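The chain below stands alone and is given in structure tokens; this is the form deposited in one PDB entry.
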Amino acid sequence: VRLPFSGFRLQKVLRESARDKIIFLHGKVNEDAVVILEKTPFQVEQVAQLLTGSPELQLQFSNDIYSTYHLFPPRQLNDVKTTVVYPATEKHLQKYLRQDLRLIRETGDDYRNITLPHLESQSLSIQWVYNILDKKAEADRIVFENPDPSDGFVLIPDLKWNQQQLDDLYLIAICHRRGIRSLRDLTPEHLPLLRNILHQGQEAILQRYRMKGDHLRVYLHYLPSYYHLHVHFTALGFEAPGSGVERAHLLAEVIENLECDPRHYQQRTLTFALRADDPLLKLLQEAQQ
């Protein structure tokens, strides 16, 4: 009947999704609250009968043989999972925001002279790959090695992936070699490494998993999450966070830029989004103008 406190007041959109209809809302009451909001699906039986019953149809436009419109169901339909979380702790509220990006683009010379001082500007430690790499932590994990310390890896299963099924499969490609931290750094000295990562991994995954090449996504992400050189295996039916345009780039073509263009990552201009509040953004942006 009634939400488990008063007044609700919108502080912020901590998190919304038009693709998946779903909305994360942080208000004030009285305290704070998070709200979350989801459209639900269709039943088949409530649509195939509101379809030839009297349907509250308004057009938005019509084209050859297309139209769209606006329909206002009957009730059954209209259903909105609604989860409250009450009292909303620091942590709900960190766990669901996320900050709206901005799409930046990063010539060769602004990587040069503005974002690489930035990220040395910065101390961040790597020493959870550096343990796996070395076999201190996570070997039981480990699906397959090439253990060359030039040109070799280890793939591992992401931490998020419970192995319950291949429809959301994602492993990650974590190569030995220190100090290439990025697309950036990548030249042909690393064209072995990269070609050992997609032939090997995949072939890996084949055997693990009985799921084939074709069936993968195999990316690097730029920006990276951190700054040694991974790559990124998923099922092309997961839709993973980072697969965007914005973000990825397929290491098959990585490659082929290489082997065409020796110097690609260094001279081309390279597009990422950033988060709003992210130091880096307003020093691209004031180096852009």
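Numbering follows the first chain given and starts at 1. First, how it differs from the form deposited in another entry.
Hinge location among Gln43, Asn257, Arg98, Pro147 for the rigid parts moving between these two forms, by C-alpha fit switching from one part to the other: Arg98.
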Second form
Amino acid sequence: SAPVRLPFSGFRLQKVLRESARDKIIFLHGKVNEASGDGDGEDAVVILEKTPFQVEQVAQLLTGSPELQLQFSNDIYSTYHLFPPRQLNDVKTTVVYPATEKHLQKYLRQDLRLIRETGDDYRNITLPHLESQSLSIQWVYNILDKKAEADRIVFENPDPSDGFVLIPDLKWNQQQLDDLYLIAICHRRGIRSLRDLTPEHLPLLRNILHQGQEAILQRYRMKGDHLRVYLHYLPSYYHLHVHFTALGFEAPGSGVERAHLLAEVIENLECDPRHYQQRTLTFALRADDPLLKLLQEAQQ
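Can I get the form deposited in another entry as well, since the one above is the form deposited in one PDB entry?
FYI, this one's just the chain on its own, none of its partners or other molecules.
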């Protein structure tokens, strides 16, 4: 059977978590599985995002007879409503079910605040707090165990200590290289973030950088100098992973307040073995995040 259903029965919109006109994305909190009519459904998050244009698809459309509705016109400039064929109309849909209260908070629209976390702040405040406020990494384990997305793996170094799995993300429809996005997940368990990195991890990091880039060149004919390769801090999930993005893709999470180039991570560890245990890291938090209050009050 063609899989054509959401993973639940019925969708009721509880509230809009966040929408962006410039990004053409919307985050939805839904209530599902309410066949009894008691208004007590499970939580689900549904993310909808319009897709980028495909160059040759739009080129063929413009050379024919497109369906247009005139909006504005003045001298050489004019604006239309275009209703394109089915090919240009697909909407990327991401579902989280069952969604946790943590999922509702991370997607709820909030103003951001910057914070600078010393090595001491991490050990005394952040690390104790995140242990109970972290999302499950079962999806990470499923990929490593070949329990999910095995056919989507682009490259794998199977070594338990220095190996990793290279795989597309949730969003990249793989229809164009302009928005290329892949993630590399290390096989070694227990590496929560940059804070756990030591020179012991230099072989792993070099493997991800050089084998990951070569795999992208082999599979997509995408040269290394077309790629932005980095890590997140704070990471979304506390299992070490690296982001491979097209340089021309203004990818979310590539800002300086979250992204750390993998090549510089390697060189920092080579220059100082205790770099990411002692140095201060700067990142952004939601204004109502209790971790922000804990860090702000310890810094007084």
